[PDB]
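Participant: Just need the whole structure built from these sequences, with the hints factored in.
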Amino acid sequence: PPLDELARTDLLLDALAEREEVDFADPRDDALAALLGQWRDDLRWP
Amino acid sequence: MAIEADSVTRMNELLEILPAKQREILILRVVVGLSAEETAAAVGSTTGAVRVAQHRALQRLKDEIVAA
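Residue numbers (PDB author numbering), protein chains in the order written: chain X, 12 to 57; chain D, 141 to 208.
These are calculated hints, taken from the structure and not from any lab test.
For each residue, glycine too, the CB sits at the ideal point set by N, CA and C.
Please note: incorrect hints may appear among the correct ones.
What follows is a set of in silico ranges between Cβ atoms, one per label pair, in the way DEER data are often shown [to be verified]:
| hint | chain 1 | residue 1 | chain 2 | residue 2 | range |
| --- | --- | --- | --- | --- | --- |
| 1 | X | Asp-25 | D | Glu-204 | 21 to 29 Å |
| 2 | X | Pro-13 | D | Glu-153 | 27 to 35 Å |
| 3 | D | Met-141 | X | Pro-12 | 50 to 58 Å |
| 4 | X | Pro-12 | D | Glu-153 | 27 to 35 Å |
| 5 | D | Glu-153 | X | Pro-57 | 20 to 28 Å |
| 6 | D | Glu-156 | X | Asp-41 | 21 to 29 Å |
| 7 | X | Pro-38 | D | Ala-181 | 31 to 39 Å |
| 8 | D | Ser-185 | X | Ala-18 | 13 to 21 Å |
| 9 | D | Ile-143 | X | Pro-12 | 44 to 52 Å |
Some chain X residues near chain D, calculated using beta-carbon distances under 8 Å [stated by the list, open to error]:
| hint | residue |
| --- | --- |
| 10 | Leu-17 |
| 11 | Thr-20 |
| 12 | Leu-24 |
| 13 | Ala-28 |
| 14 | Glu-29 |
| 15 | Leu-47 |
| 16 | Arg-51 |
| 17 | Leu-54 |
| 18 | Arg-55 |
Facilitator: Here it is in structure tokens:
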């Protein structure tokens, strides 16, 4: 149900935010998460 | 001879596509590391609203990646 969509994005963003490395089935997910993590890092990086 | 764009130049590119509130929300959630609620407080909306906007942003982002 669509409601689980929301919960799942929220969880992904929470993991991104804590710098937790997650392993996705779909490689494109993997790619996007990687891209966001690097970006998260650079932008935090004073 | 062209330089491969860094994560930020790239991501930045993809962010310009997003509405400004969605973009603001991804930044708070990921870069600051604010929670859904905290983000809601910092942005003036409710928690449900943030949960929807951040989801839409994520999808939008997935899409834009495809093209290219």
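Participant: Now look at each hint and say whether the structure bears it out.
Facilitator: Results of checking the hints against the structure:
1. X:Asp-25 with D:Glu-204: 21 to 29 Å: Because 23 Å falls inside the window, the suggested range holds.
2. X:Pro-13 with D:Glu-153: 27 to 35 Å: holds, 29 Å
3. D:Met-141 with X:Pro-12: 50 to 58 Å: holds, 51 Å
4. X:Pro-12 with D:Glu-153: 27 to 35 Å: holds, 34 Å
5. D:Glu-153 with X:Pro-57: 20 to 28 Å: holds, 23 Å
6. D:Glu-156 with X:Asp-41: 21 to 29 Å: This hint holds: roughly 24 Å between Cβ atoms.
7. X:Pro-38 with D:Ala-181: 31 to 39 Å: Given a distance of about 36 Å, which is inside 31 to 39 Å, the answer is holds.
8. D:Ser-185 with X:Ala-18: 13 to 21 Å: holds, 18 Å
9. D:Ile-143 with X:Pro-12: 44 to 52 Å: 45 Å Cβ-Cβ, so the 44 to 52 Å window holds.
10. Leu-17: holds, 5 Å
11. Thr-20: holds, 4 Å
12. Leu-24: holds, 5 Å
13. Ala-28: holds, 4 Å
14. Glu-29: holds, 7 Å
15. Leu-47: holds, 6 Å
16. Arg-51: This hint holds: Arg-51 of chain X lies near chain D, its Cβ roughly 5 Å from the closest one there, short of 8 Å.
17. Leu-54: Holds. Min distance 5 Å.
18. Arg-55: holds, 6 Å
Checked against the numbered hints given earlier, the structure satisfies every one of them.
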